[PDB]
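First comes one chain, alone, set out as structure tokens in the form deposited without phenyl dihydrogen phosphate.
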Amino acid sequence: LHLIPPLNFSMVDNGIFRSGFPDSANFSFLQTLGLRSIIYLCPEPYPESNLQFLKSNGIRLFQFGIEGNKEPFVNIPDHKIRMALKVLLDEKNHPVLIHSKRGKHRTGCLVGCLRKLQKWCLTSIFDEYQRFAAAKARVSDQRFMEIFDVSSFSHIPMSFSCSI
């Protein structure tokens, strides 16, 4: 039994995955996903180990650096989540792994905003967010999803989804 998914790994939808920061012990597992893209939500430069894996495997890196603040000093930039959603909604980029450091907060917000576009009720979105964030669930992350304006996205169709 040799495959090690990255921290807090899960399948979000057809072609869409979420996790925390992969390390070299996770690379054999990530190869099984046939990734085209990574959406990386931290500002820090990608380590050389991770860069060599991306290059070797023909994976494109999309970096939308969101500062990692703890409650009650969380202030998620709307523009970075919007730019990341535009990448996520283009099926040419699939399969895509979304990751941050822990796969709980920045990752959880992007996934929750996707669920809002998929017409999930807020309590269902928050329950999924909480399943990953567990004892580190942030009310501010859920408030961000509560007020995120989906108006600019209404036209973008999601025929990729398992949910039509």
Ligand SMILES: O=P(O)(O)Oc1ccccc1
Contents of the next structure:
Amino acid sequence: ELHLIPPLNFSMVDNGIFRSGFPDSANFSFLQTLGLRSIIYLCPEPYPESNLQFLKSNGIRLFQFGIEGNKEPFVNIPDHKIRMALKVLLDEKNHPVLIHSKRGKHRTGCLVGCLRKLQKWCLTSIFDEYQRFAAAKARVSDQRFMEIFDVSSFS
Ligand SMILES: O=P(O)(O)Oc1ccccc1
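Counterpart to the form deposited without phenyl dihydrogen phosphate, namely the form deposited with phenyl dihydrogen phosphate bound:
Let us now look at the entire complex, which starts with that chain.
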């Protein structure tokens, strides 16, 4: 009975932290197995009724930090929104937490890369993980955002 379907680009980031693209009803039975307390949602669009009923049924808190989905070379990742998401991500009371965007590549990739910088990973190691998810859609601007991200306020 091969029946569980993780959401698009699903991965475990760390103890209590997951990343993916946008979950749909086919992914709900899999997400139930994780015992989520929180979702960090990085798109501005309203959450669909299907997903809201999943959250309500499972007692999952929704944190929305809407980042516009821009394309290179006109990408302007908002530092403030990433930092608000990081503040929630670093509070273990919110774990287990799923970070998701639409595809789990750009917005999700930036938030995870900034977590890795706080975890003292080498930039080349952060970029390698970012590229594994983003694949042919890897953006230099996402990696430059991580390069210049000042960790001072979170250490
Ligand atoms: O910002 P996201 O993680 O949703 O990732 C993408 C990547 C390519 C196109 C749209 C979205």
